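Student: Next come the chains, spelled out residue by residue.
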Amino acid sequence: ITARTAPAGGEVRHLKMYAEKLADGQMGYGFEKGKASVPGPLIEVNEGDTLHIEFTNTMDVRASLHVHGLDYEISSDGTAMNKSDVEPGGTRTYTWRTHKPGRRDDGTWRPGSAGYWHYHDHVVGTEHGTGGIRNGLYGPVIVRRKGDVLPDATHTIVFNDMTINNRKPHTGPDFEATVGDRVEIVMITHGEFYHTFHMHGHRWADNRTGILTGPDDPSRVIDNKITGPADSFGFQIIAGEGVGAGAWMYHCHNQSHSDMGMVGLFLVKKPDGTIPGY
Amino acid sequence: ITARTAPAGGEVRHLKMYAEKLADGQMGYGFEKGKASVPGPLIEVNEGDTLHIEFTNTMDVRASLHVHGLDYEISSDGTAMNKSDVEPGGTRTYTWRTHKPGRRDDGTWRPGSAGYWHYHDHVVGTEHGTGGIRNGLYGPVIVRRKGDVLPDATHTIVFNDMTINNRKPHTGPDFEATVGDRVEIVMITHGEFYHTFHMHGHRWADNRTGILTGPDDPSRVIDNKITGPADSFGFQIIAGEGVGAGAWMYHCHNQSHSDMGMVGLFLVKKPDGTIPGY
Amino acid sequence: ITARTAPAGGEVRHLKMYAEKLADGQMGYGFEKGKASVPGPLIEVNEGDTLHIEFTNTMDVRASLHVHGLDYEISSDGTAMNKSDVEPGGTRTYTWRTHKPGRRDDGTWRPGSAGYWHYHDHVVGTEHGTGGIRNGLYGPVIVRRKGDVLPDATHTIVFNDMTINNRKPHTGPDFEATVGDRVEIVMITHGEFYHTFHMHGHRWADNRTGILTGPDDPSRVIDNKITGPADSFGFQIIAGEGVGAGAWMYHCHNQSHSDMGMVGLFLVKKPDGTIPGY
Ligand SMILES: [Cu+2]
Ligand SMILES: [Cu+2]
Ligand SMILES: [Cu+2]
Ligand SMILES: [Cu+2]
Ligand SMILES: [Cu+2]
Ligand SMILES: [Cu+2]
Ligand SMILES: [Cu+2]
Ligand SMILES: [Cu+2]
Ligand SMILES: [Cu+2]
Ligand SMILES: [Cu+2]
Ligand SMILES: [Cu+2]
Ligand SMILES: [Cu+2]
Ligand SMILES: [O-]
Ligand SMILES: [O-]
Ligand SMILES: [O-]
Numbered sequence: 037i038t039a040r041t042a043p044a045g046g047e048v049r050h051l052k053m054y055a056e057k058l059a060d061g062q063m064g065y066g067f068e069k070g071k072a073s074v075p076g077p078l079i080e081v082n083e084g085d086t087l088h089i090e091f092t093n094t095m096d097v098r099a100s101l102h103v104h105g106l107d108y109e110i111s112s113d114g115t116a117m118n119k120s121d122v123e124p125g126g127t128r129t130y131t132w133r134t135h136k137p138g139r140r141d142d143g144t145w146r147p148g149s150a151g152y153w154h155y156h157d158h159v160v161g162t163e164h165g166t167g168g169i170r171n172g173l174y175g176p177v178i179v180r181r182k183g184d185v186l187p188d189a190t191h192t193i194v195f196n197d198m199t200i201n202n203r204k205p206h207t208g209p210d211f212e213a214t215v216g217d218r219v220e221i222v223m224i225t226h227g228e229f230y231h232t233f234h235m236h237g238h239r240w241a242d243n244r245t246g247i248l249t250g251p252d253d254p255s256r257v258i259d260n261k262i263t264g265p266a267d268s269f270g271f272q273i274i275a276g277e278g279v280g281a282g283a284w285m286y287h288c289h290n291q292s293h294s295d296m297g298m299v300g301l302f303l304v305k306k307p308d309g310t311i312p313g314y
Numbered sequence: 037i038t039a040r041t042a043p044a045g046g047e048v049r050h051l052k053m054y055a056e057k058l059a060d061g062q063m064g065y066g067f068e069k070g071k072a073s074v075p076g077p078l079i080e081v082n083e084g085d086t087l088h089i090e091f092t093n094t095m096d097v098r099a100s101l102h103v104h105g106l107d108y109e110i111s112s113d114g115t116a117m118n119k120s121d122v123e124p125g126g127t128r129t130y131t132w133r134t135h136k137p138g139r140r141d142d143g144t145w146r147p148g149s150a151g152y153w154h155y156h157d158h159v160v161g162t163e164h165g166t167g168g169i170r171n172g173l174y175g176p177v178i179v180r181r182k183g184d185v186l187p188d189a190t191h192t193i194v195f196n197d198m199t200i201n202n203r204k205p206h207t208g209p210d211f212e213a214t215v216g217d218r219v220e221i222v223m224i225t226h227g228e229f230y231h232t233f234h235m236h237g238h239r240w241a242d243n244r245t246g247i248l249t250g251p252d253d254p255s256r257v258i259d260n261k262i263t264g265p266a267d268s269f270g271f272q273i274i275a276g277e278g279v280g281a282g283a284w285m286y287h288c289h290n291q292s293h294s295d296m297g298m299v300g301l302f303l304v305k306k307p308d309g310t311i312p313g314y
Numbered sequence: 037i038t039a040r041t042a043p044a045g046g047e048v049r050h051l052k053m054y055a056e057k058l059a060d061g062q063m064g065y066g067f068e069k070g071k072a073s074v075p076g077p078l079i080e081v082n083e084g085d086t087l088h089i090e091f092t093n094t095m096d097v098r099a100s101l102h103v104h105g106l107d108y109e110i111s112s113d114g115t116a117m118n119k120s121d122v123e124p125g126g127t128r129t130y131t132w133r134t135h136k137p138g139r140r141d142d143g144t145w146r147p148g149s150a151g152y153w154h155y156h157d158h159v160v161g162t163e164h165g166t167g168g169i170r171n172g173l174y175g176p177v178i179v180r181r182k183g184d185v186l187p188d189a190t191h192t193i194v195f196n197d198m199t200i201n202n203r204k205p206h207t208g209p210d211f212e213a214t215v216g217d218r219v220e221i222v223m224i225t226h227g228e229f230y231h232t233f234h235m236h237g238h239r240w241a242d243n244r245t246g247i248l249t250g251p252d253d254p255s256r257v258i259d260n261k262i263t264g265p266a267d268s269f270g271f272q273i274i275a276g277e278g279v280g281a282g283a284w285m286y287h288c289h290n291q292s293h294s295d296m297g298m299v300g301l302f303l304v305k306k307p308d309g310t311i312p313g314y
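Chains as they are written, first to last, in the entry's author numbering: chain C, 37 to 314; chain B, 37 to 314; chain A, 37 to 314.
Extracted from the complex, chain C is given alone in its bound form:
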């Protein structure tokens, strides 16, 4: 493999993160005060890293940080129950650990942390973060296993209730690549609805990484993936591979939902920068 690939992990990474009410009513995470996004920033680590997140709640309401998939002690699951949210103005230090796979003493095989995970609020609105997740307190987390191929870029599509990334219907987001780019999608669903994520012209493998190890990988290859609240998958595609450049739609294939605007564009450009048609 002469493509770039992930290194063995085991570093202790530190991070500042803020919850911030946005002028428009929404709430978002950010790494800097006043640079909050919906989705929140992508956090990426290698199997075996440890992440110390110094989380500061700049909001007038309790708020928390709860993560999927990664190892965390109960002090860091970010629930009101476990005395683990953060009161307004407060600052708490969450710790996410990750681990590689390997045999346990009993001879069984321990799964690693690798995957396409995500984080979100667990206290705003309700004791399950329905308000926070609605207002935009979610973001993607990627844990790489030593060897995973690394992309040219990662984009995060989040189906949150009837929106993509908390955007007005029929407003994307759109994305751009050039034919041949290795594009990584992190696809997260939040809210109370079920969806099917469809991408024109492209397909991935329905497994951990969206990529086939080689000729023996039995994983189904799909281009429509059903998805429900707190589901998260990811994949990599070669932009326009086998199909050329174009304005390739992605959308929820639920007919009412795409009709109601859950649609974006994967704009794959010719090397001259043009998109055929469009």
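In short, the hints are calculated from the structure, not lab data.
Each hint should be verified, as a subset may be incorrect.
Each computed EDC-like pair below joins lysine to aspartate or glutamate, with the alpha-carbon atoms no more than 16 Å apart [claimed, not checked]: (1) C:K305 x B:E109; (2) B:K182 x C:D252; (3) A:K182 x A:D85; (4) B:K306 x A:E109; (5) C:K306 x C:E277; (6) B:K305 x B:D210; (7) A:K136 x B:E277; (8) C:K136 x A:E277; (9) C:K136 x A:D252.
Based on the hints, put chains B and A with the ligands in the right spot on chain C.
Tutor: Chains B and A with the ligands in isolation, oriented as in the chain C frame:
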């Protein structure tokens, strides 16, 4: 493997296809004028084939042909956007290509086109084909990989909203096999609801082919599969294997939906043609 | 592998089961009169066993026993249609067989019975057991393959409409383990809704067993699984592995559904019996 298996692909195939309003209000595809069906005809090819479809719209409205999974350029994705539908009376030539798997130059592994796919309209009713798909403009596409086991017969069950194959509730379809037949099911969902497809007395592997490579295939074996709009999967079973002949129901296991009528019969006969019970 | 593992099967097992109206209006299955439970008792067998269930309906209404996944002749599919339910006061003898995987004469590979399955009523309320299932006529079935790891304990969570195990919202069930226990979960959905089962602090493999065979298993590793009516999966976890003890929430991650009360606790204790927090 003394069963029949798919040959290596690489042919160029031509096809005439028609969209047509049916006397009863629906719309269907067909290979011949006046011989249209809902679901539309099955297109089946081998990885590496190329398919040229001379599509002719015999309807008074714009209509298109959009396919999943297969390689196609943006001129053949059948969206209004990409100037790719077909106006009434018009005739466009869509091209779908397919490719085998193999190593890329970066050493990664490119997935092949093989799968259980489908094609449907993308412009009738809405810019997402909500009307076409509701009326019947959908059909199955099978792409086989060299060596795939070939069935004795394929059948197509489509859960389109609260119907099976656009049939009035509580009216099938029913299918027939003799015990021991290798039956292939192609299972497509369309519309705005989510379903679970259940078959009595039979089970398959939740992977690309519904069939386990052999002793090492980790794929889960299931008899109930959740399924959302534009989801498509397929499998093969041995009719009555281990259970003998009978009127074996298949249905959406959603309790309200099977109540409202999404039920059919897999009628597996003894050699004498009789169904125990029934 | 120095953990306990399932033996090769092939025994002929016998069983008495009862359907029982419960004082509070529900219906339950049991192994003894007056000892019925919702969910019903867990039947567990090895690939190759045969199970003869002497089912006795003690209710004023027709009721049946229909099983997923296992081999059964149409005489024992428990549908009104195939004259296979049981009249009030009646006693039928259902038979479920299971088989191991192996090569067929055509050289294809026949799947084994192994899996996380379930049984439920098929005639109470409607011709599809909608009333039976609503009232609690469902229970889990585990078919083990020779070699499967055996757990320290199994627990069954059933999402039946807006309830867990037919319990009043916000009332568990809760379970307890001690850090390090090998806990098996059998997860079944019933009714008319779709769900996502999430579990704090833990993760399993989305395959047949929830466990990775070793370093080549491509199976996604998840902590949130979408689940529809009559869907059934299972897994094992090491209680608090990598995360220590705590009141570990599990719930439907559907924001409205967990809000409405589909929540339980996985109470993982230290040897003290103490739960940090709680
Ligand atoms: Cu939670
Ligand atoms: Cu949707
Ligand atoms: Cu498409
Ligand atoms: Cu969550
Ligand atoms: Cu589309
Ligand atoms: Cu349904
Ligand atoms: Cu069944
Ligand atoms: Cu489509
Ligand atoms: Cu049934
Ligand atoms: Cu739910
Ligand atoms: Cu969680
Ligand atoms: Cu069932
Ligand atoms: O589509
Ligand atoms: O069933
Ligand atoms: O959560």
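Student: Would you mind marking each hint as holding or not holding in the structure?
Tutor: Evaluated hints:
With a CA separation close to 13 Å, the supplied pair C:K305 and B:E109 stays within the 16 Å bound. At roughly 14 Å between alpha-carbon atoms, B:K182 and C:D252 fall within 16 Å of each other, so this suggested pair holds. This hinted pair checks out: A:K182 and A:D85 have alpha carbons roughly 11 Å apart, not beyond 16 Å. Using a Cα cut-off of 16 Å, the hinted pair B:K306 and A:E109 holds, with the two alpha carbons roughly 13 Å apart.
Of the supplied pair hints, the one linking C:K306 and C:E277 holds, its CA atoms being roughly 12 Å apart against a limit of 16 Å. With a C-alpha separation of about 13 Å, the suggested pairing of B:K305 with B:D210 holds against the 16 Å cut-off. For the given pair, A:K136 sits about 13 Å from B:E277 by alpha-carbon distance, which is consistent with the 16 Å threshold. Annotation: proposed proximity of C:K136 to A:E277 holds, straight-line Cα distance about 13 Å (limit 16 Å).
A threshold of 16 Å between alpha carbons decides the hint, and for C:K136 with A:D252 the separation of about 14 Å falls inside it, so the pair holds.
Consistency with the previously given hints is maintained throughout, with no hint failing.
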